[PDB]
Amino acid sequence: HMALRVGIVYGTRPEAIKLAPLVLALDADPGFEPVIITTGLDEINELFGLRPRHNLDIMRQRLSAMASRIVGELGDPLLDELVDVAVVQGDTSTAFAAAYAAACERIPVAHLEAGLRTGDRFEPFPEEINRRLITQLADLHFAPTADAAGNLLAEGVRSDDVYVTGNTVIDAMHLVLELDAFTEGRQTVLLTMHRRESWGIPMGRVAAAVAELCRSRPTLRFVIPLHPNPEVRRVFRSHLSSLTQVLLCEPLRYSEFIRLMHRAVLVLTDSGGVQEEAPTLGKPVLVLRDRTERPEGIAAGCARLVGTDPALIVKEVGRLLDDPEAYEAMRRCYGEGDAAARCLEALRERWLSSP
Amino acid sequence: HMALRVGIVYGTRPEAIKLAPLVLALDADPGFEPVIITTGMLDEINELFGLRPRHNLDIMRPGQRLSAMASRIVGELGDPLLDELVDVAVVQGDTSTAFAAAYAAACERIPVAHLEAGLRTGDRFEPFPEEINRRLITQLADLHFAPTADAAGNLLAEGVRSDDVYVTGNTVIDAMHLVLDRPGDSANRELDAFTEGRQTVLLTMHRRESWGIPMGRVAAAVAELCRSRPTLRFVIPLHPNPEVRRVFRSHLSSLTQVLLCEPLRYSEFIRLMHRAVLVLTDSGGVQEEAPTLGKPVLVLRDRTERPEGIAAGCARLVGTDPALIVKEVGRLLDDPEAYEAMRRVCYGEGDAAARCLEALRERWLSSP
Amino acid sequence: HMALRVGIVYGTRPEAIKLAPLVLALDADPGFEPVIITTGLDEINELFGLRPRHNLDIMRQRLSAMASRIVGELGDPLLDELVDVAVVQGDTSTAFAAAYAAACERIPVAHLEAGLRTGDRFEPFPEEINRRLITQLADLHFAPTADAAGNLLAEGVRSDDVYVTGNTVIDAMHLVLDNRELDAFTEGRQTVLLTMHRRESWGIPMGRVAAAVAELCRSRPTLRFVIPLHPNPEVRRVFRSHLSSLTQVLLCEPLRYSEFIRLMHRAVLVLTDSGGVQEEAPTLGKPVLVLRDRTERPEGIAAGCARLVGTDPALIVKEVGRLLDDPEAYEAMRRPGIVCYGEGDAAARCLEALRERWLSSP
Amino acid sequence: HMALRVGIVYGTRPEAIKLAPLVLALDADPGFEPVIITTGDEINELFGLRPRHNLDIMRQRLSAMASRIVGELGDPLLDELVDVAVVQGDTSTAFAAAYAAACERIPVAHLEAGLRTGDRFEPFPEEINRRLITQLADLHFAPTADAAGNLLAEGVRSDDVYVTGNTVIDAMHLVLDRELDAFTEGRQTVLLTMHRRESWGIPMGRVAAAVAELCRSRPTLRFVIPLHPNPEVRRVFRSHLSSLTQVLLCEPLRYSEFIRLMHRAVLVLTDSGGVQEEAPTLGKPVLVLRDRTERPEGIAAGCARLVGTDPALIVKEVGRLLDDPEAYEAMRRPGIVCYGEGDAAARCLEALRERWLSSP
Ligand SMILES: O=c1ccn([C@@H]2O[C@H](COP(=O)(O)OP(=O)(O)O)[C@@H](O)[C@H]2O)c(=O)[nH]1
Ligand SMILES: O=c1ccn([C@@H]2O[C@H](COP(=O)(O)OP(=O)(O)O)[C@@H](O)[C@H]2O)c(=O)[nH]1
Ligand SMILES: O=c1ccn([C@@H]2O[C@H](COP(=O)(O)OP(=O)(O)O)[C@@H](O)[C@H]2O)c(=O)[nH]1
Ligand SMILES: O=c1ccn([C@@H]2O[C@H](COP(=O)(O)OP(=O)(O)O)[C@@H](O)[C@H]2O)c(=O)[nH]1
Ligand code: NA
Ligand code: NA
Ligand code: NA
Ligand code: NA
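Chains as they are written, first to last, in the deposited numbering: chain C, 0 to 39, 45 to 64, 67 to 183, 193 to 347, 352 to 374; chain A, 0 to 39, 44 to 347, 351 to 374; chain B, 0 to 39, 45 to 64, 67 to 184, 191 to 374; chain E, 0 to 39, 46 to 64, 67 to 184, 192 to 374.
Take the hints with a grain of salt, since some may be wrong.
[What the hints assert, rightly or not] Selected chain C positions facing chain A (Cβ under 7 Å, derived; list incomplete):
| id | residue |
| --- | --- |
| 1 | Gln67 |
| 2 | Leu69 |
| 3 | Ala73 |
| 4 | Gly78 |
| 5 | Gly81 |
| 6 | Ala107 |
| 7 | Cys110 |
| 8 | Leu139 |
| 9 | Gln142 |
| 10 | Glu161 |
| 11 | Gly162 |
| 12 | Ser165 |
| 13 | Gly297 |
[As the list claims (entries may be wrong)] Simulated restraints, written as ranges between beta carbons of each label pair:
| id | chain 1 | residue 1 | chain 2 | residue 2 | range |
| --- | --- | --- | --- | --- | --- |
| 14 | A | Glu364 | C | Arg55 | 52 to 60 Å |
| 15 | C | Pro266 | E | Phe131 | 21 to 29 Å |
| 16 | E | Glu212 | C | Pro245 | 18 to 26 Å |
| 17 | B | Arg138 | A | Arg192 | 46 to 54 Å |
| 18 | C | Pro245 | E | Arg57 | 35 to 43 Å |
| 19 | A | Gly53 | B | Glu364 | 40 to 48 Å |
| 20 | C | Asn59 | E | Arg57 | 42 to 50 Å |
| 21 | A | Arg192 | B | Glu364 | 21 to 29 Å |
| 22 | A | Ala196 | B | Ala109 | 34 to 42 Å |
| 23 | E | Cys110 | A | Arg64 | 41 to 49 Å |
FYI, nobody ran anything at the bench for these hints, they're computed from the structure.
Every residue, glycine too, gets a C-beta built ideally from N, C-alpha and C.
Put together the whole structure using the sequences plus the hints.
Encoded structure:
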C-alpha cells in the first residue's frame with residue numbers, strides 16, 4: 000500500500016533533535032515513509053535511530071558556495087528516493103536551499119518550527135531572511151505558538167496552510183527523560208553560548224561574569240558544555256579552566272544534557288532550543304542576547320534578555336539566587356509534547372485526502 | 000568623487016527593455032554609476052539603448068534545469084559584484100535570474116532594490132516559477148519600485164514596511180516614449196508595406212504553459228478570422244523557440260493575410276503596435292504598452308498579474324478558446340461602441359526611471 | 000522577416016562539396032538561413053564561401071567514442087543557434103549521430119543523397135547501416151534518382167517524404183567549371205585519372221591496383237596517370253613505393269575541387285572507388301572503371317557509363333586496354349545525351365521541398 | 000651580457016607602489032632585468054610595469072590562497088629563469104612567494120623589512136608573515152635603524168641588513184613630477207583614509223561620527239575621504255556623511271591624484287601604513303586611527319600621534335592642531351628624517367649588486 004515518501008533534510012544537531020520526533024512518528028505510522036538526506045550528528049542519529057539514505061558532504067565556507075551546492079545537488083537524491091513531500095526545520099541556510107531545491111522539482115515543502123520573528127531585519131543574518139524565504143516556499147507551516155501563526159498571516163500565508171502544532175523539541179525532551196559527582200548537593204548554573212555574532216569579546220564578558228559570580232559565591236557551581244568550535248572553547252578555557260567551581264564540558268549527548276538541565280537551578284543561554292526546553296522544566300532562563308525570536312517566554316516572565324553585559328548578568332543571577340520571590344516569578352509556552360502527531364495529521368489532511 | 004555603484008542584473012529582452020530607462024537615468028545623473036552584469044535578441048536592445056555590460060556570465064542556455072541555472076547564478080555572481088565594487092543591486096520582474104541574483108547580492112550583504120514589484124495573480128505557483136520568484140525577491144529586497152497602488156498593497160500584505168515601497172509606475176512606459184521619438188531606427192520596409200492602409204492585428208504568444216495544443220487553438224482562431232475577413236491582416240513576431248515557431252508556421256505560413264516575423268527590435272515593434280487596430284498577447288510587457296497607445300488588448304491567458312487594465316476595461320481575459328477569440332476580435336472589428344469601450351493611465355506616466363533615482367538617492371545617498 | 004533556420008552538419012570534404020550548393024541556395028533565398036556546424045576542409049569552405057558558426061573538435067578514433075561525442079555534444083549548438091530543421095548528407099557516422107542528436111531535441115531532419123543501397127548487409131561498414139538508420143530518423147529524403155526513391159519506399163518511408171532532386175555534386179561541378193604543372197603533364201597525352209581511398213582496400217588490394225598501373229605504364233609508353241592521393245600515410249606509401257620512379261605517373265597531393273574537376277575533364281578515362289567521382293565522371297562523358305566488387309550507384313552500371321573492375325590487376329589491365337585500343341567499346345561507355353544523377357539544379361529542388369514541407373499550412 | 004633576473008612578486012596596489020621605484024631602477028640599470036609575476046592596472050600603467058605572468062589566485068580562506076601560491080608560483084619563476092626574488096611588506100603573497108622561491112633554491116630579498124608592533128599575531132596574519140619572510144630572505148632592505156634592530160633580534164646576520172629607507176618616498180617623488195581642486199581651493203582640508211579589517215563596522219562608524227561633529231562645529235573645515243574598495247567600508251562612510259557638503263567621499267584615487275591631494279591637505283587621519291610614511295615627508299601632521307603601529311619612528315619624532323577610533327579624542331586632537339599653531343608646528347619639526355630621503359631604490363640596487371654581482 001502507498002506510503003507518502005516524506006523527505007527530511009538537515010545538517011546540524013539542533014535540526015536533527017527537533018526533526019527526530021517527526022521521523023519516529025513517520026516511521027511508526029504505515030501511511031508515511033521518512034527519507035533522511037543530510038548536508039553535514046552520529047551520536048543523535050544513533051540515540052533516536054535516524055538512518056540517513058544520503059549524506060552530501062557540502063557543509064564545512068562562504069554562504070553563497072554552500073547554498074549554490076545544495077540548490078545544485080539536492081534535486082538528484084530527492085528524485086532517486088522518489089520523495090513526494092520535503093520537510094525542513096528552523097532558520098538554517100540548509101532549510102532554505104533544500105526548500106528551494108525541492109520547489110525546483112515541484113516537490114511540495116512543509117516547514118517545521120515556522121513563524122518565529124525578532125522583528126529586526128537581517129538580524130541575525132542569515133537566519134531571519136531564511137525564515138522569510140522558507141515561509142514563501144512552504145505549502146504547509148507547523149507553527150509552535152499562536153504568536154508564530156500570526157507572523158505567518160502578516161507575510162501573506164493563507165490561514166488554511168498554518169497548523170499550531172507546538173514545538174517538537176518538547177516531544178524530544180520527553181523521549182530522553193562525573194557530572195552527578197560535580198552537581199550533587201550544589202546550586203548548579205547551566206550555561207551554553209554559541210551564536211557567531213557573540214564570538215570573541217562578548218563571550219569574554221560572559222566568562223568574566225561567571226568568574227565574578229564564582230569568587231563572590233563559593234558554593235555556586237557552573238557546568239558549561241562548549242560549542243564544538245576552537246575559538247569558543249579558547250575564550251571559556253582561557254577565562255575559567257583554573258576555577259574548580261566551573262566544569263567545562265565537551266558537547267553532551269542530548270539525554271545527559273536534558274538530565275543536567277533538570278538538576279540546574281537556572282539556565283544562561285543564547286540557544287533557541289534551550290530557551291524552549293528550560294522553561295518546560297520550570298528553570299528560569301537568562302537569554303545571552305539583545306533580541307529573541309521567542310518573545311512568548313519574555314512576555315510570560317519565564318525568560319529575560321540579559322545580553323553580554325557582565326554587570327547585568329551578575330545582578331540578574333544574584334537576584335534569582337538570593338530573592339526566592341523573583342525566582343518563583345520566572346516559573347509556572353511552546354506546546355505539550357505531542358507536536359509530531361499534530362504534524363502527521365496536518366500532512367495526512369493535506370496530501371493523503373481527496374474532496 | 001564617490002558615485003553610488005548600482006548593479007543592474009538581467010538575462011532577457013523583457014528585463015533589458017524595463018531596466019534600460021533606469022540605466023540611462025543612472026548614466027545621466029553624476030551621483031550614480033550603473034554596473035550591468037548579464038546572465039544571458045539582447046545585443047539588439049543593448050545597442051538601441053546604449054547599454055554596455057561590464058560582465059556576461061554564460062549561464063543561461065535552452066535545455067537547462069532551473070536548479071542548475073539558479074545554482075550557477077548564486078555560486079558565481081558574488082565575485083563580479085565585489086570586483087565592480089557594487090553598493091546596491093537592482094533586479095527586475097519575476098525571472099529566476101532576478102531571484103538568484105538577489106539572493107547572491109544578499110549573501111555579500113549588498114542591499115537589493117526590485118524594479119516592477121508587487122504584481123500578483125492570486126493563484127499559488129501559477130505560473131511556476133514566476134509567482135514564487137516575486138514572493139522570494141519581495142523578502143530579499145530592501146526597496147520596492149511598485150508600478151501601481153494595487154501592487155504596493157500586495158507588498159504590504161506580505162509584510163513589507165510602507166517606507167520601503169515607492170509607487171514609481173512602470174519603466175516600460177519610459178522605454179516606449181524613448182523609441183516613439185526615433186523614426187529612422189523604427190523604419191521597417193516589409194512591415195510597413197504589409198500594414199500600410201490595412202486593419203492589422205498584432206499577436207505575440209510565448210508563455211510555456213501554452214506551448215503545443217493551446218497555441219494551435221490560437222493559430223486556428225487566426226485562420227478562421229483570416230478566411231472570414233479578407234481585408235484583415237495579422238503580424239505575429241515569433242518567440243525564439245523552435246516548438247513555438249513550428250505550431251504557428253505549420254498553421255499559418257500559407258495565408259498571405261498573416262506575416263510571421265522574427266522577434267522585432269523594440270522600435271520596430273512599438274511602431275507596429277501603434278499601427279495595429281488591436282493586440283492579442285500573453286505578454287506582461289505588451290499588456291502594459293498596448294493600453295498606453297489606446298489599443299484594446301485581448302489577453303491569451305486564464306489569469307493576469309495586471310488586473311488594472313481588466314478593471315479599467317482596457318483589456319479582457321480570452322484564454323486559448325478559439326470560439327471566444329473569434330467572437331471577441333469580431334465584436335471589436337464590427338461594433339465601434341465595444342471598441343471605444345476598451346480605450347480612454352493604468353501603469354504610470356513615463357517618468358518612472360527618475361522616481362526610482364529619487365528613491366535610491368533618498369535611501370542610500372543620505373545621512374542622519 | 001521569419002527565416003527557416005536550416006542546420007548543416009558535416010565533417011569531411013565529400014559532405015562539404017555536396018552540401019555547398021544547398022548552403023549557397025539557402026543563403027541566396029530570403030526564406031531560409033543556413034547554420035553550419037562542423038565535426039571536423046578550410047580549402048572547400050573558402051572556395052564556396054562556407055562560414056561555420058561552430059566547429060566541434062570531435063573527429064581525428068573508435069566509432070563508439072566519435073558517435074558518443076556527437077550524440078552528447080551537438081544538441082547544445084543546435085539549440086543555441088535556434089535551428090528549426092537539420093540537414094545531413096550521405097552515409098557518414100557524423101550524418102547518423104548528428105541526425106540522432108537532432109531527433110533527441112525534436113529538430114526535424116532532412117537527408118541529402120538518400121536511398122543509395124549496395125544490397126549487401128553491413129557491406130561496407132559502417133556506411134550501409136548509417137544510411138538505413140538516417141533513413142528512419144529523417145522526415146524528408148532528397149533522393150538523387152528514381153532507383154534511390156524506390157529503395158526508401160522498400161524501407162517503409164511514406165511517398166510524400168521522398169523528393170527525387172538529383173545529386174548536388176552535379177551543381178557543385180558546374181559552380182567550379184566557371191593548374192600549370194598538371195596541364196604541362198597532360199597536354200597532348202592520353203591521361204588516366206585514378207583515385208582510391210576505401211578502407212576495405214588498404215594494403216594488398218591497393219598494391220594490386222598500383223601493380224596494374226605499373227604493367228599498363230611499361231606496356232604503353234604514351235599512357236599517363238594522374239593519381240591524387242587520399243590524405244592517409246598508409247595510402248600514400250603503397251602508391252609512392254610502387255609508382256614514384258615511373259615518370260608516366262604523376263602522384264599528387266589532394267587537389268582543390270576546381271583543379272580536380274578540370275583534371276577529370278582532360279582525362280581519357282577514370283579509375284576510382286569514390287562515390288562522388290562515379291557521379292561526376294559520367295556527367296563529363298568519361299568512362300569509369302569502379303575499383304570495387306559492388307556499388308551503391310547501379311544507374312551508371314545499367315546505362316553502361318561504368319563497369320565494376322574490383323582490385324584484380326589482370327581485369328584492370330584488360331578493361332583499360334579494351335577502352336584505349338577499341339574506340340567502339342570506348343563510345344559504348346559514353347551517353348553524353350543522358351544524365352544518370354541529375355541536371356545540376358538539385359539545390360533548388362531541395363529548397364522547394366523544404367519550403368513545401370516546413371514553410372506552408374494546410 | 001648577463002643580467003641578474005630579479006623576480007618581483009605582488010598582489011595589491013600598496014605592494015605595487017612600493018615595488019615600482021625598484022622595478023624602474025632595475026629596468027634603467029643594464030646589470031639587472033625585472034620579471035614581474037602578480038597573484039592579483047592603473048598603477049601598472051602609471052609606472053610602466055608589464056607583468057610577465059598573472060596567476061588568478063587572490064579574490067578566500069588564507070590556507071587555500073597560500074596553498075595555491077606555494078603550489079603554482081615555482082613554474083613561472085623557473086620558466087622566466089629568475090636568479091633572485093624580491094617580495095615587499097607583510098602580505099600572505101610575500102610570504103607564500105618567498106617560500107615558493109626558497110623551494111626552487113632561488114635566493115630572496117625582502118623590501119621594507121623589520122617593522123614590528125611587538126604584539127604577537129596582532130594583526131593576523133601580517134605580523135607572522137613578516138617573521139616568516141625574515142627567516143626566508145637572504146637580504147633585508149630595512150627602512151630605518153629601528154627596523155634593522157628588530158631583524159638582529161630575530162637572529163639575522165648584520166651583513167644581510169641594509170638600511171635603504173622606504174621606496175614609498177621614491178614613489179611619491181616620481182608622481183610629484192579638477193573637482194578635487196574646486197572642493198579644496200582656499201579651504202582647510204583634512205585627508206582621511208581608513209581600511210584596516212579589525213576596524214570595519216562600529217569603529218569606522220565612530221570615526222565617521224567624529225568627522226560629523228568636527229564638520230558641524232567648524233563650517234569652513236572640509237574633509238576628502240577616498241574610500242577603500244569594499245562595499246561594507248563604503249556603506250559606513252556613505253550612511254554617516256553623504257549629506258554633509260563639507261565632506262567629499264571619493265572612489266579610490268590614482269596615486270598621482272592622491273599624493274597631490276595629500277600635498278594640499280592641512281593634516282591626515284589614516285590607519286594606512288603607506289600614508290603614515292608619505293604624509294610626514296610632505297610635512298603634514300598624521301593622526302593614526304589605530305591602537306598600535308609598526309611605524310613607531312613617526313610617533314617618537316612627534317610627526318604622528320596614536321588616536322585610535324575614540325571620537326572624543328579624534329575631535330580634541332584635530333581641534334588642537336587646527337586652533338593652536340604651536341602644536342601644529344611641533345608635528346612638522348624639520349631635522350629628523352623618519353623613513354628615508356627618496357633614493358631607496360638605488361640603495362637596494364647597490365645591495366643586490368654587492369651580494370649577487372660580485373666574486374671574492
Ligand atoms: O551540550 C549540548 C548542548 C545543547 N544541546 C541541545 O542542542 C539544542 C540547541 O543547541 P544549539 O547549539 O542548536 O542552539 P540553537 O541552534 O537551537 O540556537 C537543544 O535542543 C539542546 O537541548 C545538547 O544536546 N547538548
Ligand atoms: O518582437 C517583439 C515582441 C515583444 N517585444 C517587447 O518585449 C517585451 C515583452 O517581452 P516578453 O513578452 O518576451 O516577456 P514578458 O514581458 O511576457 O515577461 C515588451 O516590452 C514588448 O514590447 C519586442 O521588443 N519585440
Ligand atoms: O584530390 C581530390 C580528390 C577528390 N576530390 C573530390 O572529392 C569528392 C570525393 O571524395 P571521396 O572520394 O574521398 O569521398 P566519397 O565520394 O568516396 O564518399 C568528389 O567530389 C571529388 O570530386 C577532390 O576535390 N580532390
Ligand atoms: O585612494 C587612495 C588611497 C591610498 N593610496 C595609496 O595607497 C597606499 C596605501 O594603501 P593602503 O592604505 O590600502 O595600504 P597599507 O599601506 O595600509 O598597506 C599609499 O602609498 C597611498 O598613497 C592611493 O593611491 N589612493
Ligand atoms: Na511507516
Ligand atoms: Na552617472
Ligand atoms: Na538567406
Ligand atoms: Na635593465
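Checked hints:
no.: 1; hint: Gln67; verdict: violated (12 Å)
no.: 2; hint: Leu69; verdict: holds (5 Å)
no.: 3; hint: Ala73; verdict: holds (5 Å)
no.: 4; hint: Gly78; verdict: holds (3 Å)
no.: 5; hint: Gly81; verdict: holds (5 Å)
no.: 6; hint: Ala107; verdict: holds (6 Å)
no.: 7; hint: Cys110; verdict: holds (4 Å)
no.: 8; hint: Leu139; verdict: holds (6 Å)
no.: 9; hint: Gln142; verdict: holds (4 Å)
no.: 10; hint: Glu161; verdict: holds (4 Å)
no.: 11; hint: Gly162; verdict: holds (4 Å)
no.: 12; hint: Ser165; verdict: violated (13 Å)
no.: 13; hint: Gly297; verdict: violated (35 Å)
no.: 14; hint: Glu364(A) <-> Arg55(C): 52 to 60 Å; verdict: holds (58 Å)
no.: 15; hint: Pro266(C) <-> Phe131(E): 21 to 29 Å; verdict: holds (27 Å)
no.: 16; hint: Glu212(E) <-> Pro245(C): 18 to 26 Å; verdict: holds (20 Å)
no.: 17; hint: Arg138(B) <-> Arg192(A): 46 to 54 Å; verdict: holds (47 Å)
no.: 18; hint: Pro245(C) <-> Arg57(E): 35 to 43 Å; verdict: holds (41 Å)
no.: 19; hint: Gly53(A) <-> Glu364(B): 40 to 48 Å; verdict: holds (44 Å)
no.: 20; hint: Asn59(C) <-> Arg57(E): 42 to 50 Å; verdict: holds (46 Å)
no.: 21; hint: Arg192(A) <-> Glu364(B): 21 to 29 Å; verdict: holds (26 Å)
no.: 22; hint: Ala196(A) <-> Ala109(B): 34 to 42 Å; verdict: holds (39 Å)
no.: 23; hint: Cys110(E) <-> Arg64(A): 41 to 49 Å; verdict: holds (43 Å)
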